[PDB]
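Only one chain is shown below, in structure tokens, and it's the form deposited in one PDB entry.
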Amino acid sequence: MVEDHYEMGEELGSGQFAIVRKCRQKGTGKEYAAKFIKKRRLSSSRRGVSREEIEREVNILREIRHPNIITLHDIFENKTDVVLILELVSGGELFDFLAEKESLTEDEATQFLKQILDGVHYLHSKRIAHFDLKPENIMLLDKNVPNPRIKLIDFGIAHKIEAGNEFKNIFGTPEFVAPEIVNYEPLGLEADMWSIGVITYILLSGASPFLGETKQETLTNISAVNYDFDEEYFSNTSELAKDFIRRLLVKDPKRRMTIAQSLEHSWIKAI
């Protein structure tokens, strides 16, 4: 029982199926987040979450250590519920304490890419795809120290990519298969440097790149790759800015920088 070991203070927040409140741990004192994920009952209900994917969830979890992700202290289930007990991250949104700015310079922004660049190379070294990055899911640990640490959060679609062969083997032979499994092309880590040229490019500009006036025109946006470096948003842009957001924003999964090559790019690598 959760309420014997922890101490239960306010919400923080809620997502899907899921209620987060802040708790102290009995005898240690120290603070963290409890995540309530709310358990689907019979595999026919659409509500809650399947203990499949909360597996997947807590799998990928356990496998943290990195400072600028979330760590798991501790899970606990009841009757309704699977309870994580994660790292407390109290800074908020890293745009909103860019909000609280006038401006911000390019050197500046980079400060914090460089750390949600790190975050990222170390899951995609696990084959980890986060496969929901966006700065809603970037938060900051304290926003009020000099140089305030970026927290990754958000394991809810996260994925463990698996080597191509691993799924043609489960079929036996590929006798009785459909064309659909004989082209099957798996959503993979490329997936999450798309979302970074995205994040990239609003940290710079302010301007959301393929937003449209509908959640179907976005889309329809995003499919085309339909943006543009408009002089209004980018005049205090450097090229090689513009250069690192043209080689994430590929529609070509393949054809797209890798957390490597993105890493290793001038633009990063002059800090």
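So that the term is clear: the rigid core is the largest set of C-alpha atoms that superpose within 1.5 Å between two forms. Residue numbers count along the first chain shown, from 1. Compared with the form deposited in another entry:
Superposed on the rigid core, the two forms differ between these two forms by 2 Å or more at the C-alpha of one listed residue only; from 82, 153, 98, 128 that residue is 98. Taking 2 Å as the criterion, residue 186 does not count as shifted between these two forms: its C-alpha moves by less than this amount when the rigid core is aligned.
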Given for the second form:
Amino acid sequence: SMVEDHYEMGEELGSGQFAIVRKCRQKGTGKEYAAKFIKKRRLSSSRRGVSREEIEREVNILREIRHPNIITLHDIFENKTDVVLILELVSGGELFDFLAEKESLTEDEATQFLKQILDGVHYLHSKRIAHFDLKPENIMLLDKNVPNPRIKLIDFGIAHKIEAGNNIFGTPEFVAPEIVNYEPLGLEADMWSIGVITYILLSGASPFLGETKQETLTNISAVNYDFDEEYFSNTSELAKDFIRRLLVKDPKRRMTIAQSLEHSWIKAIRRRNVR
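The block above covers the form deposited in one PDB entry; next, return the form deposited in another entry.
The next block holds one chain only.
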């Protein structure tokens, strides 16, 4: 009767700051799922756990989205301490793991993954949803032991709907400079992330990584990276152009998801990879 009682919880799959993922089994069907336990914030004024509004944001996004390259939400329940998302079980690991094993990917291998990531982001962007945390750890594989693995985007923990929005009619005389210069975060941030994913897939090298977290942030802000000959000596001009057109400081000058899909590097006719 209680939805919680319909799932038998099993072992931990992993953990983050705010959530623990456990394997589970639906009692009646025997089908397995991933159960993401999100620890609820206890008082509005607390700085721990996740607020009701932040949980609802993620769950509302997961409920709206349906695409082959995006994780599926199967069910949801809540108890005293947690809201539990019952998600499709995906058993081929993360793209992070796959890349770590291969060291780097060829351009044909990289584009087979990227086409899928681009399709999934195209879908999200069509619904005005910015994921805001695209990275290889948030891209799962259905089965890693095939030559062209299928992927699923996960972790909508900081995903947002982007409104079209700006008193544009009133006097600006009393408005603060941060408002005068306000530019909302939007879909372009995902495009930047896709450029970084592309770079790392081709090289195994992180383009902005510094010796300290502060150095990484400084490098990102300055767009301080290059195509080091250690990794890119034989990389195509088209692959470099794709990355350059995404790694742009000004969000308004980055390729859009539509432009990325029409880029020659992605359009290019290639063979599906053999084992």
